[PDB]
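For reference, the chain that follows is the form solved without the named molecule, supplied as structure tokens.
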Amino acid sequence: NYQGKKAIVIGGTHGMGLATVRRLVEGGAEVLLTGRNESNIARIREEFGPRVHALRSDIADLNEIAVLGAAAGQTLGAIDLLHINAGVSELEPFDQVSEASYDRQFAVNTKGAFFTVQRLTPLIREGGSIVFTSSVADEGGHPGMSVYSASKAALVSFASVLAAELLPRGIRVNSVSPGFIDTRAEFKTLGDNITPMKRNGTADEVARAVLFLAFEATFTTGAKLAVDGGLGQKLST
């Protein structure tokens, strides 16, 4: 059901990215994926072999983005889905935030994402799509996550603008908003307690939403899709 489809998954070595990669592969799609850490990239090549193209790349490094562009072109040539997954956070009250921690989070979550898209967009087929992995924190106020929340909100706005500008090329741009996803232990339990559905989501649940938007939501652009157990949906208690 993914026959002939070519996909790029930025940050596909772990969790939700890897779950998306797995589904893409089982469906018969050609996949290129990237990842910051090299133990992950090696682990991937172990698991998939020549079934997927794994590539070590730092989304924050604009030079490495250039390498990525060449790689993608020489490898896939044209793509149907560009899925932007990568994201980092540093949990600290707003008055403890330093310039470095501020810079780090925006460099990966927003800037790197923006320029990775800018570089890869000319490869995307007409009818293809971009899917951003946002967060439930892209709306509302979450103490200790000022920078991360803001970086994701910026990302969602980019998705909206890209959706508008890419209309004439018939390219859809959407986002998924994961809540607590079990992919640190004190965080899963926080997720169990505050999430209305009283559990964490799975990486596969997030992947199903990514691929729905990618391939089945053919009349959906500029939209957001919550995978958050209701957390961002204002469900009381």
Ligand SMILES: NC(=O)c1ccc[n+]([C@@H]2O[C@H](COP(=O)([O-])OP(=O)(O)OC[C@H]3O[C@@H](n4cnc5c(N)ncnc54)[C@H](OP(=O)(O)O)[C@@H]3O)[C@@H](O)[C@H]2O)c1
Given for the second form:
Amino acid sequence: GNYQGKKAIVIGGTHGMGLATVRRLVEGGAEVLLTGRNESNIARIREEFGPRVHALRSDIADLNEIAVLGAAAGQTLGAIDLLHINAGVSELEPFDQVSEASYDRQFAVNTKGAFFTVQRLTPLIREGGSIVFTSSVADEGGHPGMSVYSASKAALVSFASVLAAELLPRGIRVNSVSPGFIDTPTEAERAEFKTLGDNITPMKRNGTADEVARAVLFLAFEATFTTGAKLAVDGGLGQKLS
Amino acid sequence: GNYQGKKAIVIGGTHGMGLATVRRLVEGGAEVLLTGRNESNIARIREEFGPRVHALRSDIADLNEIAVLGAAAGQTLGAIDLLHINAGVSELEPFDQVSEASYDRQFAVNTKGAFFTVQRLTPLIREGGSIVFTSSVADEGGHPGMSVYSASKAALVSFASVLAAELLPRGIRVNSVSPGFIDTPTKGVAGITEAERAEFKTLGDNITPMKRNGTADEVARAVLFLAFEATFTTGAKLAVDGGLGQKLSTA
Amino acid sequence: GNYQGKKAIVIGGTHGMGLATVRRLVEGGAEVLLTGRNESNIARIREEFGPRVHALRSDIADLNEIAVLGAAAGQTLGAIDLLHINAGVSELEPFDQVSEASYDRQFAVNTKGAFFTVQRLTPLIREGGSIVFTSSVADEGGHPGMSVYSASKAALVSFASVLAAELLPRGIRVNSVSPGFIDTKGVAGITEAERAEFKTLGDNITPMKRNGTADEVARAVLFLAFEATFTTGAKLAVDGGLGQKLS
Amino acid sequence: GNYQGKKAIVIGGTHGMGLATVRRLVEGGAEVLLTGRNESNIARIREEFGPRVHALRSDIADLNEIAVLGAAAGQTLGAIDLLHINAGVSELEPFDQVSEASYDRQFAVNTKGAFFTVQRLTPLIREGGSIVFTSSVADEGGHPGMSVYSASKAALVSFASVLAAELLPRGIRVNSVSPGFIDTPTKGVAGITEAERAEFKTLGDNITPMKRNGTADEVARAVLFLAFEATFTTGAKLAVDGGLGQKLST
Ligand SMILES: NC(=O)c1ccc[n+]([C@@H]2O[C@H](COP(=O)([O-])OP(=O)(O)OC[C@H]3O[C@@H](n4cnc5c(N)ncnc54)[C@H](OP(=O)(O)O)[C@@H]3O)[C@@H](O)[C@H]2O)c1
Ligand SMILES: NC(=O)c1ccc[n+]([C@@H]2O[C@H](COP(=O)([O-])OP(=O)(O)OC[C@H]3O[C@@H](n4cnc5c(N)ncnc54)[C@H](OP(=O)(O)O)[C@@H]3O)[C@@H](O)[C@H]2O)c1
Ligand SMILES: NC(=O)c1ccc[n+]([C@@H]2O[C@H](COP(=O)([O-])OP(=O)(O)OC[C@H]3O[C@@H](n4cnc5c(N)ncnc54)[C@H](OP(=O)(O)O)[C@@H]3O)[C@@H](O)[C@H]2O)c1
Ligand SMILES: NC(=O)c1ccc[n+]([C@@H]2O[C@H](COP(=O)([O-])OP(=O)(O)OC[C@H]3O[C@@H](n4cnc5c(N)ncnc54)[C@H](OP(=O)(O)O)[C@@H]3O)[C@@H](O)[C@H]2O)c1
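Can I get the form solved in complex with the named molecule as well, since the one above is the form solved without the named molecule?
After this comes the whole thing, all chains and molecules, with the earlier chain placed first.
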């Protein structure tokens, strides 16, 4: 009865890392509210789980949607122990090929959408609770073709730090996981990507969504003297190993 | 110490650190073009310097103006050794006070405009040349009331890294300076008054390990070292912060 | 059965966070060999834990004794899943007062002894096993009075990185915990008075405004040891934010 | 004229980047005292500079010799504006092959010797002066064959931090430079063959993002910038590494 009586919101929990995090929460006995954008993913969840989990379709980028999301969460959960921010999008292109539209899209979801979602949902967080952000190994260093994604994630990591400072009086810890290549789901080059992660990750494999899930829930419930910190789940990729 | 035959663009060079940088560039023999958003600041620049430097009123946040700026630079300088991105704005707000408008404003100038300005001007940059970003000690760690500003600067540092990686085949270095409470007429924050700046400066004196504010010239020296002397340096950061971001357990 | 069948070595597991790590190990079903120096501590732990622990009096700074621990560990445990290096000493003094003797004591234990202990015991570590080092928030930045201690832990963190790289082909992960102020009944002594004054300092400079518990560090060591299977060369702060630049 | 009237001590300035720093100091009008362990290299320094520089055989690893150097520095320079700790050794060994002797030799020069040299000479540094340490890109991250050297430099960088904090009230700044595969006669590893240095050099050209080794002068320029121009900089690190330590995924 580990997560018994605990309540969590996972933003972007219909899929991959978020969903793996949802599975551990539910099997640990927690009550979970999760969001996603895609109709198909929500449909699957609503069938597989039932009313021990609340699947809400909600665009992280829409501030009006965020306000309604906060009203519903407060109604359903009342108050929570964990807010997990997981939603993220990426468009790989060389720096001089970035258009204003592609630039805006990625920052809308990855940075601004996350900030205002956090701003709306933070008053529901109980003392002793926490926020865990899903970042990326890309949040430090220079990776060609990821100028916008890497930068949107670096900003998110900065938000976690200031949120960790400003939320001290409320006894809410704020931390980030930094995943490398994680094997989860355009297929034929989604495939080419997983190979890259195999070649270049020092541990020579992709991570599992459950490995990220484990790191998220550790920071949430066990790292009770940890705030403003970052935790690598990258097979050594961000750790300067030759 | 001599920039004879060099040409440089300073985005946000109308006062403070950027202007200090302009001054050393000119005094060393550089051909310089600078921008600013405020019009009377531009007038003062044209008076101090005369036809010696090219000063353009140009909003960094505006993509049409960035295009106009690009053509102007290509027309007046043709090809450059240094692009200094210095422009910044900041609005101090506790995290639950931040509005969409104030959020958008700071990212528009500090992050998006810097990205697209660099995108438009990078073709002018010659082999051996460099881009220097002005970041902030706030680009790392948690400073209350500076959530948006810190994040917009953290984003800029990331861009500096990816640019350093992508521009390697062009032999263009990309680095960042990180101040630092710097004694300047805006203090980095335009909205506040003279009263609230004098207090911001004093906060600087108290919490800076070296017990003082930096000068604009100290920042300028670091920008120009990175631009012209640090020829084996790229993707790096150089602190000009009196120790503030260096984890010195005083006081 | 959480750590059922598991085998671990905790270097300096006689007190505090090393001892809290031993406890969580034994409670989850692991067999542990630990080392230390204090007679009463070692005797007490033998008494408490019986056949689940092997407690050895072994000076981490003594290379002759490291060789004996290697024979003993290999004889008593054979193959292991976790090597936890926790042992450390601190001597607080301004830089201009550090003696050669005081400098040597801290490095002998915190760094060299750690290095040669890891060198000697690494061959026992199973594939899929790991090493965890106890560092300190002092391993980065500048803290007056702690020049030697800070440098010694900074060297340890470096060792951890190079080991994480060299041990990739064995499938052995190498990570570090970086504790801040951690609190340590009811016994008298001059150590225990010095511990009190330091605890008090930690209460009011740590951003979370309290010391951490030994169990909090132990939980982080054992997460890295057994749960962070895609984590190596990494550092994990248990410092109430002290190391994370929060104003 | 830019270092006119200044006095500097370079610890390890008989060749390589230490010598590049000395040469830049002397062109700028500085008065310089430099050290090295190799008496033949010291003879070569006196051949080049004559008496415009003070050159002393002084083993950084020996505390007795450090004490002697402290007296000699006092007598010769009186007070100084720059202390540059550059001396170093490296021995490349897989971790499982490191012997007590090889470990001791590297920490004795790189860490302990550096510490007690700074401790003995700090009283000579005057108002507004500084200390600069030469670290390495190896002081962060994991590089096989370099467990001892990397840890010894990682330790040096921590010393710089604490010293920057403890020396604040004396108005003395303390910073480090971090090369970088640098083209020096030893490549920082004095004990290997020239076949292995050439390979080390080639490795440098391949893994370095800027795809070349750095020059000794490039490091010298960064040391002297920190020494004299970075007057609001302390406890900081400056990369001179062609991007190697900056996580460029090229
Ligand atoms: N993939 C990697 O290897 C990797 C590496 C580093 C970091 N990360 C980070 O890890 C996070 C999660 O990755 P993943 O494994 O879940 O793969 P992913 O394809 O990044 O999934 C992102 C998640 O966010 C949801 N989402 C996207 N836009 C949304 C919006 N506007 N509103 C609400 N939800 C939205 C998606 O749900 P729907 O698809 O149902 O809308 C999906 O659940 C991302 O933030 C990413 O930046 C991933
Ligand atoms: N001052 C500090 O202590 C401090 C500390 C850390 C970081 N920084 C950063 O260092 C940089 C320089 O700051 P500062 O205090 O010297 O002056 P500042 O008030 O940040 O202004 C910097 C320059 O940017 C220009 N600028 C502002 N908005 C612009 C826009 N929309 N388009 C084009 N240019 C624009 C300003 O010109 P106009 O006003 O004429 O438009 C000015 O010349 C800033 O990025 C700041 O955030 C400053
Ligand atoms: N507690 C804090 O506030 C704090 C703050 C910063 C860093 N740390 C670090 O966290 C780690 C644990 O700290 P701690 O406070 O528990 O240290 P501690 O109170 O001194 O205890 C350390 C443990 O290591 C053992 N040990 C000490 N010297 C040894 C030697 N020469 N050979 C073998 N074993 C030896 C001790 O055994 P005996 O009991 O038999 O002597 C003890 O069990 C240390 O490495 C320390 O550097 C702690
Ligand atoms: N070269 C590189 O690629 C590289 C890269 C990263 C870091 N580094 C570091 O940068 C620094 C300079 O390296 P380098 O390649 O120019 O030369 P180096 O072979 O490391 O030697 C530098 C200086 O240290 C002196 N030295 C060595 N042992 C000494 C002792 N016991 N006492 C006093 N002086 C001693 C040498 O003088 P004598 O030989 O005349 O005794 C030489 O002048 C070193 O600290 C090195 O570890 C070098």
